[PDB]
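Trainee: Please model the complete structure; the sequences and the hints are all you need to start from.
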Amino acid sequence: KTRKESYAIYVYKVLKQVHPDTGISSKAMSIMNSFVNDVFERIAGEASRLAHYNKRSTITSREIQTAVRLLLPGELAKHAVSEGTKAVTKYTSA
Amino acid sequence: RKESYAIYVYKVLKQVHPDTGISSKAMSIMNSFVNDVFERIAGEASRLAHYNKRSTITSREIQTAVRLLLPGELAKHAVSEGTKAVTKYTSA
Amino acid sequence: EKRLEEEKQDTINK
Amino acid sequence: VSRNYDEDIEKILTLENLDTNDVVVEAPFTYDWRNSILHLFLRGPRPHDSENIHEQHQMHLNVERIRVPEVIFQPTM
Amino acid sequence: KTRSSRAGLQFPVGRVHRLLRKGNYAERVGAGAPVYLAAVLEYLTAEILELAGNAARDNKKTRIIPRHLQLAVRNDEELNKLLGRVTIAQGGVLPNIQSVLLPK
Amino acid sequence: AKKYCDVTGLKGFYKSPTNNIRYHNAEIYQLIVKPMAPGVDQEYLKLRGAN
Amino acid sequence: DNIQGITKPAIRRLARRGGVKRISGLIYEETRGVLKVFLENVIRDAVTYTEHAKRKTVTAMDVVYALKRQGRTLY
Amino acid sequence: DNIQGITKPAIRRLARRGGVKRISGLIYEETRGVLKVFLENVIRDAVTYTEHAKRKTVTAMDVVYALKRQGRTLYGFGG
Amino acid sequence: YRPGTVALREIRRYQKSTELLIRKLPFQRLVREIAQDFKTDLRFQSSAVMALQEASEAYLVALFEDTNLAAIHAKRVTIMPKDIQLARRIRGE
Amino acid sequence: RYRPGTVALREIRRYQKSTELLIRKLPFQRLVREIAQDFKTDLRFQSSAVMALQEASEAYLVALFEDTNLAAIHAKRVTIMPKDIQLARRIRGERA
DNA sequence: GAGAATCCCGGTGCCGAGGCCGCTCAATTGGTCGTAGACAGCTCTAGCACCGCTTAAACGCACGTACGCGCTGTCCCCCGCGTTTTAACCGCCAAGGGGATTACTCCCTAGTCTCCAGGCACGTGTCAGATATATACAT
DNA sequence: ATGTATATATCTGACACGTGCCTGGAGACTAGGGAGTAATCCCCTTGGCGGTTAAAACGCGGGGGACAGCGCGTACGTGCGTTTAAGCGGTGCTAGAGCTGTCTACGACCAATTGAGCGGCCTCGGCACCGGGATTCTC
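Protein chains in written order, with PDB author numbering: chain H, 28 to 121; chain D, 30 to 121; chain Z, 254 to 267; chain R, 253 to 282, 584 to 630; chain G, 15 to 118; chain S, 112 to 162; chain B, 24 to 98; chain F, 24 to 102; chain A, 41 to 133; chain E, 40 to 135.
No lab work stands behind these hints: they were computed from the structure.
Don't take each hint at face value.
Partner residues are not named here, just some residues of chain B that face chain G (Cβ under 10 Å, in silico) [claimed, not checked]: (1) 90; (2) 94; (3) 98.
To spell it out: a stretch of chain H is covered by chain F in this simulated footprint if at least three of its residues, at any positions, have a beta carbon under 8 Å from a beta carbon of chain F; those stretches are [said to hold, decoys possible]: (4) 76 to 83; (5) 90 to 102.
For each residue, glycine too, the CB sits at the ideal point set by N, CA and C.
Mentor: Shown next as structure tokens:
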């Protein structure tokens, strides 16, 4: 059959990791699949325009860093830039 | 060179209104306008290229895009003038 | 011939 | 240069040293504070008045005087 | 040996890199940008999965219905501004009755 | 190398897990390390080169 | 009779979901006309997406993109 | 402090170019409040725009692309 | 006749649940006919029609919340078509 | 000679006829200077930038006062109150 | 019937809006090839349409009462206007701090061969609801 | 006379785990040009002068506009009789969605070229500004 692309198992077992005794339904998997590619194209576009506004021809951590510091209203960005910097330091550590 | 569109719409204005001038502030206003519509229709051309996985943009896709974002009779006149423009391209 | 083959396959599966 | 940086750093913030070993440098221009070491580190053993014009033009050199010559002995600082 | 395990993250980093290559955003892509995308994505779904979890134990249900994420997303102003313009299928209306509209 | 508090230059006992700055006692963690602005960390740790 | 196909008690349930206590009798035709022009504006984009896709029928993702177009993004 | 710079006749001129006939006294502080939060949002865009490019000036392109970001873009200073 | 208690229970009973209000077959021909305006005998889709159903329900509940908020502003519970015109004009259209 | 109001009608007719800015430049760039120095330290600015936010502010003021005018007309009142601008910002989605 | 307050007709620098030459990159032309759009052809999912039982939802008539609406007396708070006065703005002068760009450089990300296990797809067991017995006790 | 209480006993019903598989992400090798840095020139804007001047602050007379309050009628809410045509669900038919195969021609790439739009400079008349007379709502 067709090889459909969906991150439903990823959200399913971070749900299982943080909530070990909680269930879920297939409409929920479709609904935050719509969430995560909605924000994926939204912030992929944002950085794109921005970098092009900056006249840079690439996408490193800097453009997306200012995009996620600028885009969403608050709080989640304050934890998000810290946890993303911590993620790229465990990447460069490895 | 620093690209702009001054002499182009000056020639167009001399074609349509041969006794009418315009100012530089207005020239910058229409420069912002042409950049805005160009970026809007190019972003639309990219996204309805990306919807149906087609790697090549042809005239019919962005034709349907200007049927999309423009309202009715302006879209009719635009598609008629566009079709006659590409047929006088491909005639030569 | 496709409909007869599909009917035969469905009858065999049933 | 401090004679022993391990022992001098554990007593230079006490009030018995900051009366003698604190230098206040004035810039040129035209809930108690006793138990808080922020007020000792920033404004020394004297109380801080934020409304005084000559007050906010002041350095306080208490730790750095023995901290900066120790970089030669320990370059990890 | 996977790069997501090397980054210590759970959301995949090769998948978003694949979607970034042919997603026609930039002709050159850095290494840390898909990791940063996966990090902010993991943070966003971690936050609303905590919200859906406390809505689920507020209603005392083992399965998160989308209505649970409606009153999880309408209980904070940050996602009331981030997802205020959005329209949700089978979302309902949060309980909100004006004091003047109530009798007496 | 001896650990030191980055706020005061004192003897550092505790390192904060959110932003990785060593500190000496509780109150510098209360009114300096916690409410510090983002981006202050990078030239805070530039002195010991931990950025 | 496509105008009166949609029932007045359905508009009553829509009003009670919106939080309307008292509603008049002349609101139904104007509400129906506004809904007709709204769905016509949506289905114009939807049918141009059907002629985009080289298909003679409608699907899910064309309506999805038509809802993402004007700023009432569907979820 | 410096928020009364848009004082009462300036808001009166904005009201007269906006179309409102009669003005009450409580309109002025509310209008300067929404002005000082709207310009705060634009400057909130502009600070991340400036710190992105490592560039410490704010041009007309900065505010024009910022107005493009909140969907209230303006012609005359680039597109 | 008991006034207001049944209406309050009614308001709570469709502000608590998430049931569908618009019937599926009337709205079906409705949009089918709006479709004929562009494409006749348009083969349709079940996901397409519940997409239009939920979009129309969301737009209706947003417009009606706008209308009853601006009616409670106007010191009168009841609704006139000028309230809907005010909500449409102020909201952008 | 002495009228309740007719000078306001000539003023609104002249202001709808004219297109000049009605907001003084010095308090405007002073207030954006205070906001910018409240956010960060030692920023530079351009003149085309501050006439651009002058144009944005006057357009937003024109739109909001048209909104309050239509809301006051539908409220059967001539004098304007902050309830109308509060409902205008709530309806438009500016605050919620 | 008068009066501030408008519109309209005529002179006046001016300074900011049309040509023009110099010329430097940028649009134009030609050859080549490897891949993606288009067409033909193929298999089955699923949309359309109609029949018939069930029935809860919808129409329609009857009435009743609060609420929309019409009118009224009232403070009273904004509106026109005279009087200081206080900051805005124009003209200008020098600094110096920051924007552009030239110019080499090096590294790391584009591009390609290989290969294996990560995730997708398709089966089987395992705890939650539903009817039923049933008989003695309490209401 | 009847509910019921608390355990059966069957008994389905929706949900999570144990095998295939295939394909794309990761390891390894090659290249080249995109940020990286930094120096230098130049340009503009931030301070600082000072006069002078339209315009804001302040206080005072006055007039319609907003405030609650009271009565008149009627319109939507409530209810029961009577439809009705929505919902289930079932079956039969066939368009068309979707995948595969194959071809070939539009288009990316590269090298040379010519030409036309950017700009500094030059020149001059349209419009705002000012002065004074006709004209129109308003009291």
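Trainee: Give a verdict on every hint.
Mentor: So, going through the hints one by one against the coordinates:
no.	hint	result
1	90	7 Å, holds
2	94	6 Å, holds
3	98	4 Å, holds
4	76 to 83	holds (count 3)
5	90 to 102	holds (count 4)
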